[PDB]
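Based on the provided sequences and hints, a complete structural model is requested.
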Amino acid sequence: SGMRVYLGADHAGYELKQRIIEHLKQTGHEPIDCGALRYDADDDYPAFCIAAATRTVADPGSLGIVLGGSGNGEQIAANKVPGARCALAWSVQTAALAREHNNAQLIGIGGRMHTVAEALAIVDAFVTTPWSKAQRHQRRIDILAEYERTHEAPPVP
Amino acid sequence: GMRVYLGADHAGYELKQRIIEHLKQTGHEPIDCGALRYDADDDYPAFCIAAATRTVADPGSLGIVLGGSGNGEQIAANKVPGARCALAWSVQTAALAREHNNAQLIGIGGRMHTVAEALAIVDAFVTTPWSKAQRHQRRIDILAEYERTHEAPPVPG
Ligand SMILES: O=C(NO)[C@H](O)[C@H](O)COP(=O)(O)O
Ligand SMILES: O=C(NO)[C@H](O)[C@H](O)COP(=O)(O)O
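Protein sequences, first through last, are from chains A and B.
Mapping to the numbering used here: the first sequence position 91 is 91, numbers consecutive.
Mapping to the numbering used here: the second sequence position 152 is 1152, numbers consecutive.
Quick caveat, the hints were computed from the structure, so don't treat them as lab data.
For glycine and all other residues, C-beta sits at the position ideal for the given N, C-alpha and C.
Check the hints yourself; a few may be wrong.
FRET-style restraints, in silico, Cβ to Cβ [claimed, not checked]: (1) A:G61 x B:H1150: 16 to 26 Å; (2) B:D1141 x A:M3: 29 to 39 Å; (3) B:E1029 x A:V116: 39 to 49 Å; (4) B:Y1038 x A:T115: 30 to 40 Å; (5) A:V116 x B:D1039: 40 to 50 Å; (6) A:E146 x B:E1117: 28 to 38 Å.
Cross-link-like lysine to any residue pairs, in silico, SDA-like; alpha carbons within 20 Å at most [as the list claims (entries may be wrong)]: (7) A:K25 x A:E100; (8) A:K25 x A:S62; (9) A:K133 x B:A1040; (10) A:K133 x A:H114; (11) B:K1024 x B:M1002; (12) A:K133 x B:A1120; (13) A:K133 x A:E118; (14) B:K1132 x A:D43; (15) B:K1024 x B:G1001; (16) B:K1132 x A:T128; (17) B:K1024 x B:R1003; (18) B:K1132 x B:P1059; (19) B:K1024 x B:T1128; (20) B:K1132 x A:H114; (21) B:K1132 x B:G1001; (22) B:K1132 x A:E100; (23) B:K1132 x B:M1002; (24) A:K25 x A:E146; (25) A:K133 x B:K1132; (26) B:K1024 x B:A1120; (27) A:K25 x A:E15; (28) A:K133 x A:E100; (29) A:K133 x B:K1024; (30) B:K1132 x B:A1040.
Here is the structure:
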């Protein structure tokens, strides 16, 4: 039930990251802070998001959350990591479907896009919704993993 | 962004055809990467990898991948070298994808919005210019350097 979660964030998602770490500790989960460890208005998101995604993939069973202003540059950075699948969660439904259909180990959230209560509801759905293991979803994940292996674009039907 | 490459599976197929018609009416040249017909069991990765590959290989072009939530679609597009695919779920996030992230592509969930809401997201995506600001370009360069070497950049602190 209790999940390990690696969190990464730049200045725009820093304040929300600290609140999410506090929320995860209080709900039986194990947050691990990859940075940023303090507010720095000029810092760059890529390093924090690549660190969180890299450690998530290297620690199977763990999840991850990357935070920014919109969360989009953050999920893009995380998605460059081999083996990583980072959805952008902007609601309870998309957080749940990230796990259910895409088996996403990570999610990006925009700190400027939600209130604190809305963001924590997104996090709750992400860390409790199980991976469905449905055949068609695993088939799509296998195709994408094969493209990641060789970078040879598969033929279209 | 004049030429716009669109990829989609069955869950985003009907919305993709509506976006192609809307783009023709607003002076753009949409190019259909597939699926060309509705197939309830087809897999998204191939259509999204094809749209992202062709967009990155075509200077000045943009791209849109569609699915149920558009999250597995942006994930697949982000595995393509050089590609930056945001998940656009609003006018604000579509505009910020261009302005901050220089995203050549966006994912959209056909099940998450009405037709009118989705077309407004598309309008913001194709009309909002890339800012070319120093800090945004710097972050895109750090990400592109990680794609080339797979050397995770050091975390500040
Ligand atoms: O939203 C983001 N990336 O998607 C970044 O956090 C955002 O561009 C940072 O912008 P800022 O440097 O104006 O705070
Ligand atoms: O939403 C999606 N990817 O994010 C896919 O289109 C979705 O998982 C496809 O599901 P379906 O095969 O039930 O239509």
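Hints versus structure:
no.: 1; hint: A:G61 x B:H1150: 16 to 26 Å; verdict: holds, 23 Å
no.: 2; hint: B:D1141 x A:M3: 29 to 39 Å; verdict: holds, 34 Å
no.: 3; hint: B:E1029 x A:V116: 39 to 49 Å; verdict: holds, 44 Å
no.: 4; hint: B:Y1038 x A:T115: 30 to 40 Å; verdict: holds, 39 Å
no.: 5; hint: A:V116 x B:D1039: 40 to 50 Å; verdict: holds, 42 Å
no.: 6; hint: A:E146 x B:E1117: 28 to 38 Å; verdict: holds, 34 Å
no.: 7; hint: A:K25 x A:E100; verdict: violated, 24 Å
no.: 8; hint: A:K25 x A:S62; verdict: holds, 15 Å
no.: 9; hint: A:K133 x B:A1040; verdict: holds, 19 Å
no.: 10; hint: A:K133 x A:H114; verdict: violated, 30 Å
no.: 11; hint: B:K1024 x B:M1002; verdict: holds, 10 Å
no.: 12; hint: A:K133 x B:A1120; verdict: violated, 35 Å
no.: 13; hint: A:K133 x A:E118; verdict: violated, 28 Å
no.: 14; hint: B:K1132 x A:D43; verdict: holds, 17 Å
no.: 15; hint: B:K1024 x B:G1001; verdict: holds, 13 Å
no.: 16; hint: B:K1132 x A:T128; verdict: violated, 40 Å
no.: 17; hint: B:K1024 x B:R1003; verdict: holds, 10 Å
no.: 18; hint: B:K1132 x B:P1059; verdict: holds, 16 Å
no.: 19; hint: B:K1024 x B:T1128; verdict: holds, 18 Å
no.: 20; hint: B:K1132 x A:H114; verdict: violated, 27 Å
no.: 21; hint: B:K1132 x B:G1001; verdict: holds, 15 Å
no.: 22; hint: B:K1132 x A:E100; verdict: violated, 37 Å
no.: 23; hint: B:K1132 x B:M1002; verdict: holds, 19 Å
no.: 24; hint: A:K25 x A:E146; verdict: violated, 36 Å
no.: 25; hint: A:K133 x B:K1132; verdict: violated, 42 Å
no.: 26; hint: B:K1024 x B:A1120; verdict: holds, 15 Å
no.: 27; hint: A:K25 x A:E15; verdict: holds, 16 Å
no.: 28; hint: A:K133 x A:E100; verdict: holds, 8 Å
no.: 29; hint: A:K133 x B:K1024; verdict: violated, 40 Å
no.: 30; hint: B:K1132 x B:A1040; verdict: violated, 41 Å
Violation of the numbered hints given earlier is confined to hints 7, 10, 12, 13, 16, 20, 22, 24, 25, 29, 30; the remaining hints are satisfied by the structure.
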